[PDB]
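Listed next as structure tokens is one chain, alone, in the form deposited in one PDB entry.
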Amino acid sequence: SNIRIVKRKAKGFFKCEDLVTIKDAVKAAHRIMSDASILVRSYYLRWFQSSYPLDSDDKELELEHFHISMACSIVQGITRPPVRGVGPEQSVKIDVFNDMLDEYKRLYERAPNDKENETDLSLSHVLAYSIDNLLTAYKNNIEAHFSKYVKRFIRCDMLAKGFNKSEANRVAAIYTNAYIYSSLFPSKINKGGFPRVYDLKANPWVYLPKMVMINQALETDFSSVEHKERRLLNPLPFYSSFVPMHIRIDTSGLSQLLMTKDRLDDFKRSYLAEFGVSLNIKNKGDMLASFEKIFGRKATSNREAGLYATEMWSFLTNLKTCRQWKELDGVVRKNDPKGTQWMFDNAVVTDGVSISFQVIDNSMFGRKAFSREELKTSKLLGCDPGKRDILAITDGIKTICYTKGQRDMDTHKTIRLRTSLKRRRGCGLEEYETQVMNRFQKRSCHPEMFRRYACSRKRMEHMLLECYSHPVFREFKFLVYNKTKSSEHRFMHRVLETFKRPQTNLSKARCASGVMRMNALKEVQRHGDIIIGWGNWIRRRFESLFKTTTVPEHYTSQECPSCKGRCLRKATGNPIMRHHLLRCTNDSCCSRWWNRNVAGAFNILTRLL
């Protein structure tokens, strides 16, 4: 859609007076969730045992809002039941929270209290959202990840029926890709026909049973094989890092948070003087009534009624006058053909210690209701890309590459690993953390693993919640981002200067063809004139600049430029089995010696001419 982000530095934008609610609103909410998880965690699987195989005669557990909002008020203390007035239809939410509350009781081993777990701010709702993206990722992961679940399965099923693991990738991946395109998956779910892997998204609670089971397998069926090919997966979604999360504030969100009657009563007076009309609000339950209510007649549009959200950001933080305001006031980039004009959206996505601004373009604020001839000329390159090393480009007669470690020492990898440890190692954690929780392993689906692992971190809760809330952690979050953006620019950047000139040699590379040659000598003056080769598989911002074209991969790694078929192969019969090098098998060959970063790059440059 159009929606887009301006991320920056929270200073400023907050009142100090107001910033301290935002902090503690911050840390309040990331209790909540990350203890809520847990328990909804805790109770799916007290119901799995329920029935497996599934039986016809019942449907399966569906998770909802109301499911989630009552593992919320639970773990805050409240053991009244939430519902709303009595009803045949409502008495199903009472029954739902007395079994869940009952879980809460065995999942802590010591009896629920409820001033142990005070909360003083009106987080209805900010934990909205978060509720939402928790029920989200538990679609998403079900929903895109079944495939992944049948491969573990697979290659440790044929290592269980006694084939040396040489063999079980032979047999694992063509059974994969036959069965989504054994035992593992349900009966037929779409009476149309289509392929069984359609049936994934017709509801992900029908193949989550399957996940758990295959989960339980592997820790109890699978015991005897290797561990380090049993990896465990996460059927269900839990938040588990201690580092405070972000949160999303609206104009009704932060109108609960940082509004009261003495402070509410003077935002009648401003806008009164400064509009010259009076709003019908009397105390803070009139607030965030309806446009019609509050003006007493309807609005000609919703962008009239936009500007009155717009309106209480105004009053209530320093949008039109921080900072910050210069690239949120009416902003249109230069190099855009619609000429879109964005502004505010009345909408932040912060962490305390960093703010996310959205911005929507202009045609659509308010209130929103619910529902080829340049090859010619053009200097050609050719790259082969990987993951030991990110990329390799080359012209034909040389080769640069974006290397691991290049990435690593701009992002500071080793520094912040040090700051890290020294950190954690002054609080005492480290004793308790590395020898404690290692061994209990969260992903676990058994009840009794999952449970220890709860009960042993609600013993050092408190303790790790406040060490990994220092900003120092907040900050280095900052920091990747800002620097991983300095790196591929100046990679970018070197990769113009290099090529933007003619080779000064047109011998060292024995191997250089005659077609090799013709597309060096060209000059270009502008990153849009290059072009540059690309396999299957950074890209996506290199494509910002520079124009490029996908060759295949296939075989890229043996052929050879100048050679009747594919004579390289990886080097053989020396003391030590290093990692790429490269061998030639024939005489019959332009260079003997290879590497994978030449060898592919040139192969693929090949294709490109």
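Positions refer to the first chain, counted from 1. Rigid core here is just the name for the largest C-alpha set that superposes within 1.5 Å across the two forms. What changes on going to the form deposited in another entry:
For the listed set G528, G330, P195, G339, the sole C-alpha moving 2 Å or more between these two forms on a rigid core superposition is that of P195.
A movement of the C-alpha atom of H246 falling short of 2 angstroms is seen between these two forms when the two forms are aligned on their rigid core.
After superposing the rigid core, the C-alpha of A172 moves by 2 Å or more between these two forms. After superposing the rigid core, the C-alpha of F153 moves by 2 Å or more between these two forms.
Having displayed the form deposited in one PDB entry, please output the structure of the form deposited in another entry.
FYI, this one's just the chain on its own, none of its partners or other molecules.
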């Protein structure tokens, strides 16, 4: 793709006349999608328990756009089947709507009322992306995580039968690879004979019921197995968060959310005065007609049509008058090899606090359509990634680590947890959220169990949504974006300064080799003149300043800097098994004590040299 974003704050971009609508739209969109996703998930379970396994001439259920859209209509209180016209295929849609509506009645333990969920926002286009994004989540989850279900039912079966844990993984690993070329898998789909991996991409819906079946077995069938080995997966994703999610607003979405006939006529009057061309727009329905109908003639180029959207954005928003216009007015960054010129793409993603402007190359702007020797001179460093010590970088004589605690302090994790708990406690949800919803597992695939979670939440949905609608939760989301870059960038500057100057001490370290000693003395004045040797495994934001290379990680944690043999082992003989403390097993060592980061980082640098 050729799309980039400029994430900033939403203040001032939307006029005060429409700021209330945008924030309310975000709340409404989250409520509709969050409830609709649960209804869709429950509806799928209804089908699974009522029609799985299928008959010889029955089709495996495939979710589409209209399934989720109907769920949104049901959540909004719509009882009339939202189907256009009468026909064979349209008849199927009407029947599907009735099935979902009946399930909605069963899901909640009281009679639905129409005038308890009514809304006055035209979120039809805004909700479309959440429908597509949710639908894509189902496909992504099936394709990228189905193998995990395969490697878990077999593992649980082996454990349930008393076999050793080590052998269970052996059987599961071999079985999964073999099936790439026993009832957990569907019949081979591709008639061309390609491996099963191609079939998974060809049709994800066929494999979706298989995951649901596996989850049911984990909850009840494998009772004897320890719970730690039966962590439930989520075959059917749904929006479980209560903090409002970011909505996507396009030219069509913005056009119908913040316009009326009185305002629409103003746009025509303003457009006529500035451009002198009358627009063939009669009402809010014909507003989004094609360029040919609006002007009566085809645009000279796609750019001309795109510019029409930009002008409409200007009338509805402060795109050309707000602070953020500095970064959107054809800004060309200094060091782009191609000299790309970036301009607003007529698309914005926002949640009422943070705003994400879409910016694309000027050449491609318009309406869219459906579809080696540097090692000698550079200074070399070794790096060993992790998850507690995120990065451990050493020059062979000294080491610096980017500990997870450093990022937490930079991102103010303790305060964010402190503030979030206080708001939850203040609203009285602490005695309910931690006590009730924690027991009923939301991942449960049993309709009875999942229904209990759904209705239990519904009794406190109003309180829960309002508590998390506070801007503090969304403001923290921007802080982590802001401070996370600061923490990483700040460490990058430290990396240069530490190794920028020749080492002033060369005696305290003993085991350093001659080649490594020479490297440490090099003087470097630029970020790009330092090469860091990374492992096979944050690096994306390090390559912008520091050149990088890959070093094998084979036995890096066992080999000793002092010896060709792996004489290192975890510390022993002390009251507590200290986490990363390492000690040699023999006296033939220039150094006895070692740390995992120092020892691991040293080996990576040594292999590079």
